[PDB]
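Take a look at this single chain, the form deposited without this ligand, given in structure tokens.
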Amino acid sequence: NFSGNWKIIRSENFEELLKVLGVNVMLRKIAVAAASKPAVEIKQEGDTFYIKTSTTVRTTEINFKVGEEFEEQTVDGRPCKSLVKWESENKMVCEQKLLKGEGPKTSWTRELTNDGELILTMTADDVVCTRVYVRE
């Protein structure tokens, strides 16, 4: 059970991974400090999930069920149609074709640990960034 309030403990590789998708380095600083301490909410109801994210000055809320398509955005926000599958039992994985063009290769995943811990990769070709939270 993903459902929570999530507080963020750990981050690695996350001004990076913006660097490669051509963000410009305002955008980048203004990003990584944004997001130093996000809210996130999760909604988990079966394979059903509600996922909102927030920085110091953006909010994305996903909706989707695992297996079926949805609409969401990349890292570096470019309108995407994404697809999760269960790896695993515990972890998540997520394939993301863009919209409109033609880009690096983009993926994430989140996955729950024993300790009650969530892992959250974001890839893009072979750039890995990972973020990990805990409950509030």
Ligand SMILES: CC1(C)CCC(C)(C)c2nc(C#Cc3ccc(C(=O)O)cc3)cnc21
Second form
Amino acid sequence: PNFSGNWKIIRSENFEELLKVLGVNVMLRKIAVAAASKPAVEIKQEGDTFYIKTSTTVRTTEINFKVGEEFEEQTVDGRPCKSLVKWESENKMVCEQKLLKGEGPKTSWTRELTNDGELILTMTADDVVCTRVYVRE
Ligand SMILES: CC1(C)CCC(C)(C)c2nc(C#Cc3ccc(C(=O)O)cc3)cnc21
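Could I see the form deposited with this ligand bound next, after the form deposited without this ligand?
Okay, now the whole complex, with that chain kicking things off.
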């Protein structure tokens, strides 16, 4: 089961609502929402080892992880966090995050590969769930 590829977005819901729960300044939220409408997502997968680059004109993130092993990244609001990804099923990985400092809403994410050429990202903050769907470019 192979997440590798260059992905572009087709659907998004609750991205703005997610940033709102995390308390992102309303002006920065409006910029992020604009940027997030047109991302380029590059995934390189070798077994359980992943590289994910999410590029927009405003902000680019790169994460490196191995399913089952602790790593560090940022929350979607830009706060350093400790992360752990596990397989929920053959096609779906789930990630729990803990802030390195401070408190804030409980955040997590999932990535799922469908049988019809889609990649589904969810990102959660307390009980706001953002769902983003991508297809290969
Ligand atoms: C205004 C500024 C610089 C700073 C505030 C935050 C919220 C950190 C920010 N976030 C984004 C984004 C995004 C994004 C795109 C795509 C995806 C995806 O996975 O498709 C996720 C997040 C942009 N700009 C900002």
